[PDB]
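What follows is one chain in structure tokens, specifically the form deposited without its partner chain.
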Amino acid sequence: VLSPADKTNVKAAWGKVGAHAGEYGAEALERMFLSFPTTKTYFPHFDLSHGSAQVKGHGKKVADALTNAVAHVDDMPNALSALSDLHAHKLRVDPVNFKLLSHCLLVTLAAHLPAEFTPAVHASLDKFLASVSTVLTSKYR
């Protein structure tokens, strides 16, 4: 459950990210592929080589989505309904993987935003990705 306070910090953090979103997404993505090799199984039609167009393109799709979630926080499930049907019913990615992408996002975020990433920001951010993750795996069944 997103608290008024969480929302606020999420808006702030994410706005500080600003036009780095994508860049942050790709870095995050890449950090995921090296750290948890098993997530690569869901991307076999991808060049997953260091700094590479697919990933640097996909990172953009991933952080733009997040962005839509920040803006659409008080209402995350309708905002994200599509993303839900592709990840749960079509792509069918296992919830574990989401915990991993989150962690990596946090590392990435945590490493470019040294002063905004306080222990309350860190916290909120974790509730936020968790929530996005739920809405995203929710329609498994």
Given for the second form:
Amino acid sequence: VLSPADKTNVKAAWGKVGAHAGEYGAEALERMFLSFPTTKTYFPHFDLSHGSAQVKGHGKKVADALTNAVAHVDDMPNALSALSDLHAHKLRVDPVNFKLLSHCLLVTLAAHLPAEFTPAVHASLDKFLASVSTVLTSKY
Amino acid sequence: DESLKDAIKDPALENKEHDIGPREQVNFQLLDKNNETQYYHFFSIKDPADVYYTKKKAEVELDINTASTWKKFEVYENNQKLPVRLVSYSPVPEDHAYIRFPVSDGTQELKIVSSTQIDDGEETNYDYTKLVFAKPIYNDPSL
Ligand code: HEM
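Switching conditions: you have the form deposited without its partner chain, so give me the form solved in complex with its partner chain.
Time for the whole complex; same chain goes first.
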């Protein structure tokens, strides 16, 4: 499903994000909880206020996971093995929540990098985030 | 002129063997002009690289993914163009291009001038990428 063209756009887009990946990851979470309050059920004992240490910390861990997924895009299921067990088996997260997270992430990337966020790159990122969502929501 | 897009089209290297002989794993970093992480290459080039020993000079093998998009890929040693050659290629969806080139003893960092292109659109040039090995390379004839 992910073509060579899609993989090229993912690396380039996530590459131009680079150092600010952890910042956009945290921003995407804060944008998700405010927009979709049903997402907060998975984080009961968490500080979900504006400029929280937990959200900034968790956003970095999500960004590092995405960076790991981008680096090993040709073999995602093996790369995100532990996270698949965590989200699918243990947490039992509904796949619908991943569409809401990626929605907020793509909006964040569009804001901070307008010129770089072309329709072709936008298509590839959504296609990339969809495939990473299927790996995490699936059981092995 | 000898781009990876067209180089991988040779069916002789459809899945050719390239792991025979003595080698050593060598870690490295891919940095830009400002000595900061060159991200596109970081995601593309596999770390650590295999360094195959020979009788004369050690040949470093670089595993480059999404070869179908990679156009230009020139490697320089102290501002001198090294002879790069395609040894093997994994087809899509893997799309990995394995290329080898010789490196003289004591060489710790190399200069990589390269470019990418999707089918026939905007050619994204990468004028300077700095490959820096964790240790200098040294060939071992005794293996
Ligand atoms: C972009 C897709 C996602 C990625 C890459 C991702 C990644 C991660 C990572 C790396 C961790 C480990 C954090 C740690 O070690 O403490 C984690 C934890 C967690 N994730 Fe996700 N996640 C994603 C989407 C979601 C979604 C949609 C939900 C549900 C709303 C969710 C809920 C959780 C929960 C409840 C934890 C455990 C929190 C804790 O106790 O530390 N994740 N995630």
